[PDB]
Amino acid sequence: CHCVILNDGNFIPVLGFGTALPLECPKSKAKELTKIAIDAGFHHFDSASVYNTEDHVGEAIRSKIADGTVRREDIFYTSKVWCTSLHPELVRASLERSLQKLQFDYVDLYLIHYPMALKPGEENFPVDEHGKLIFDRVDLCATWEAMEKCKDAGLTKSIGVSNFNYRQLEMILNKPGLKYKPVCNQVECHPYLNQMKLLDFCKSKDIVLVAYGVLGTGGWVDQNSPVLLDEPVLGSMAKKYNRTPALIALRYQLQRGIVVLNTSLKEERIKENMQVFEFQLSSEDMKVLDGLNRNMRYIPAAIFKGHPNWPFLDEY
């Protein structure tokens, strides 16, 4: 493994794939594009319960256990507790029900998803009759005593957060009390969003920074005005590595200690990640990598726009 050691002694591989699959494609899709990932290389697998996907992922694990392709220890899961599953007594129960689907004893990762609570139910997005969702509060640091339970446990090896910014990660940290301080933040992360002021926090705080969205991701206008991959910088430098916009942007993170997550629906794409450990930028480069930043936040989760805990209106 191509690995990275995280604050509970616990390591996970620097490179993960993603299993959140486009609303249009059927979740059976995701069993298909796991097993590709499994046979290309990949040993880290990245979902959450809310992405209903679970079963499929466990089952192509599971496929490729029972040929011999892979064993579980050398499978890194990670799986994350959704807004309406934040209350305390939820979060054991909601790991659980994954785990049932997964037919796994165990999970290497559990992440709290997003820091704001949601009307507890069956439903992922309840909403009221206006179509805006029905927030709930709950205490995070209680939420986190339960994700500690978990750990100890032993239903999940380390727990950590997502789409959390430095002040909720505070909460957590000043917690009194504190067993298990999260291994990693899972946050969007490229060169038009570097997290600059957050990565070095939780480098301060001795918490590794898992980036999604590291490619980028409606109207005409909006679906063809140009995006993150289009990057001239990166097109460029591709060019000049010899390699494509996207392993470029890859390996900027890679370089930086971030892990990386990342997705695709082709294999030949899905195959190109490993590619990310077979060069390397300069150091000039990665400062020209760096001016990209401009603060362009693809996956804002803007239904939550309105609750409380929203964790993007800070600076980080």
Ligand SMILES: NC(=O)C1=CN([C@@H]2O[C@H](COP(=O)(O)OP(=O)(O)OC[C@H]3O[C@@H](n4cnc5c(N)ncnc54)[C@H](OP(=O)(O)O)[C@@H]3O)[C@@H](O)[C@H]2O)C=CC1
Contents of the next structure:
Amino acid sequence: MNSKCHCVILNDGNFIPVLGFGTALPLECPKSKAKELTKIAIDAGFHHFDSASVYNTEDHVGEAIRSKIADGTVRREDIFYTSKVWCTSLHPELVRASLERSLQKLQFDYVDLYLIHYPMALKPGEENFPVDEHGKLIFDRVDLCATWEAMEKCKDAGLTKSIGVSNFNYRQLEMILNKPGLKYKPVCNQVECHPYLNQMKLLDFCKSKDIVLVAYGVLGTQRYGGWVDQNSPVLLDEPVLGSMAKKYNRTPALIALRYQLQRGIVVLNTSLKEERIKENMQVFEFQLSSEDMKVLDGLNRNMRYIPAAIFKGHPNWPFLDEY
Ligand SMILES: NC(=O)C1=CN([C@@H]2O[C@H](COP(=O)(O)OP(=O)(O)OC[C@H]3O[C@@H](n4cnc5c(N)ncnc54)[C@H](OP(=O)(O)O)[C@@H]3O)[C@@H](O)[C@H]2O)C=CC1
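Having seen the form deposited without this ligand, could you give me the form solved in complex with this ligand?
The complete assembly is shown below, putting the previous chain first.
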């Protein structure tokens, strides 16, 4: 993956496309749906795909990418693929084995990016959400800094080109960077980010430490049951996004997307519909003026669509802190 892309440069020297297609799905969808959407995204010009072991779509996402490679549409070297290790496998001795598993599902030799999915470990086992009889997740205690060293080991094994974190707070990022004998800084922190939760402080913090912020929930999230309060407001129905979309001759979505791009953020997106997937690629075509950027900074309202509420009582729930 070389410099001839709309890409930013990670602190390990590697390139990441700034617009990524997300491969998580609503509960209501078969997992094969991800094969279909990946083929569509590739044809629309997407090169960056984001996934996770817990998504359980990596095997279908791999079929889709591999058939596009086979038929000559793309090369592996022009695809940027991310996975994430899930809470059940954060123990140092389980991190690599989880990555080897995903590579086997994918039939890939490496992933371009591998993240800690959440800074919170759960009871190890095949079950992704181990619970007790009250329906409550079983937390486990892990040294996150030991998890980090196992990540670094995955990078020096060639299993992943870069390593980063997802859903870390300021204090949790510090932990890692201040860890003695640190070999690689996280290249990114993938966190929810939209006009209702604009992450100004964590963005500024990540920038100061050469950490790329990669945003999900750019469009208000797919609202997954039950991660998202079904009575939170729908981001893209927000009047000022409608107003600005008319002004610029776009839609609410494109305005949301462009807002993040102009902030130096790497942006994820998912749609189940082909024509949206094609539409999201128009983000590259137009500029929002700086007074309009300030307008959108004003929507900030601490509306967190995915607080990972099922984790609330975890020693490490990242979302208590201001940022
Ligand atoms: N790191 C983490 O912990 C997490 C990471 N993720 C990642 O983020 C990716 C993106 O998902 P998420 O953040 O939930 O969803 P987004 O915020 O990217 O999109 C939200 C909604 O926007 C709609 N939409 C997309 N394009 C348009 C458009 N052009 N016009 C109108 N509506 C549009 C989609 O609906 P529709 O399908 O109806 O078109 C979708 O439900 C995931 O696939 C996964 O990679 C997700 C959650 C957590």
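What we label the rigid core is the largest C-alpha set whose atoms superpose within 1.5 Å from one form to the other. Numbering follows the first chain given and starts at 1.
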query: If you fit the two forms on their rigid core, which residue out of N242, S225, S204, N174 shows a CA shift of at least 2 Å between the two forms?
result: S225
